[PDB]
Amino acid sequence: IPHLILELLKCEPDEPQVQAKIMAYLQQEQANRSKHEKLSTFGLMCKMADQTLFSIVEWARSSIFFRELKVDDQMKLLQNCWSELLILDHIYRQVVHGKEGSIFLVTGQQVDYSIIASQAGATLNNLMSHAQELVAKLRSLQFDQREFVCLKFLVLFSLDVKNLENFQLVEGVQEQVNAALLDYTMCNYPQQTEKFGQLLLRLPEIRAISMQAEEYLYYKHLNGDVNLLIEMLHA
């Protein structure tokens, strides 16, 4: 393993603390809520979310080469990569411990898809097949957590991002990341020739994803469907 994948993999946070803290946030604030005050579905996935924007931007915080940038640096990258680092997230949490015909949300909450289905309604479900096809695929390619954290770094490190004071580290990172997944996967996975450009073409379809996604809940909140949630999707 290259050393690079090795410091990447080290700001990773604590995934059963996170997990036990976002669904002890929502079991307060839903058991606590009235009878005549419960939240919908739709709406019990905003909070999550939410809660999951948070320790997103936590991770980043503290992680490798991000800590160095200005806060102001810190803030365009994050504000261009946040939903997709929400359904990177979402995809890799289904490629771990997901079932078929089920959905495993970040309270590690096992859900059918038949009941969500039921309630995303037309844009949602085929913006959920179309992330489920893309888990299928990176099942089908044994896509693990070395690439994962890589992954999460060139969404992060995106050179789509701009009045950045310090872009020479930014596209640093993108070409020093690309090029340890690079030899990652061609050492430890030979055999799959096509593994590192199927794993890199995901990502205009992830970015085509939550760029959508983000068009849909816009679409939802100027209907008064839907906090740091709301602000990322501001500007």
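Numbering follows the first chain given and starts at 1. What we label the rigid core is the largest C-alpha set whose atoms superpose within 1.5 Å from one form to the other. What changes on going to the form deposited in another entry:
The comparison between these two forms, aligned on the rigid core, picks out a single residue among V57, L203, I64, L39 whose CA moves by 2 Å or more, and that residue is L39.
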Given for the second form:
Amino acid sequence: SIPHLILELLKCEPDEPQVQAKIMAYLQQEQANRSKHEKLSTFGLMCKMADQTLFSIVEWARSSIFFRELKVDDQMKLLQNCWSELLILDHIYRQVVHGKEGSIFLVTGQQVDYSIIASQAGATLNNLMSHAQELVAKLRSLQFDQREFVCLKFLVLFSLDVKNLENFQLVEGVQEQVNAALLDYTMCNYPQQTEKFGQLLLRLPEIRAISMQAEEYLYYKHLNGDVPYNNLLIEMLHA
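Could you drop in the structure for the form deposited in another entry? We only have the form deposited in one PDB entry so far.
Next comes a single chain, given without company.
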């Protein structure tokens, strides 16, 4: 039915209605606490929402099985290695589960019409969101489920390519065991999709491609002086 390991990963999933409410409240109070003289721009609010999204990802990781056993230095190295990929994967899965045609479901728990955000976003960001939507559609066609999602998330987080980790053994172990569990799970639960395991893994390079697009966009905003100082996403980029 379900591998013990996957069940344990799932126990660490965030409380989504709580995260949604928390981020929504933060963004509301931020606008509120600002006087008419200092109201935040659209990009400004996008940046704050993105920061909060990444804060919640870090919070998730910190409390998660396996990751919580690592020294803070190793935790930073893993997150530094995959932060943009986790942001994209989080966004994509949110759309897989909650998305409606013509709309984007935000981390705040709200649907926004796609044409509205795309009008504000411009060509570059619209291209990125469109790429992400094609992956959403692909994952839906594959019948991507939450068990597979959490496996991919841990594979992204515990990546072999992380440099200078002290406890690399955990990366080795998580990689070996989560790949094995994902295979067992997909073969058991989706017997009619004989290639599902490999098809899910092949989405990871695509997630990485979208994350590069995101980093590029962020970097050009930063070159333009548009990204506020100590925005976490730009701090992650600065490395």
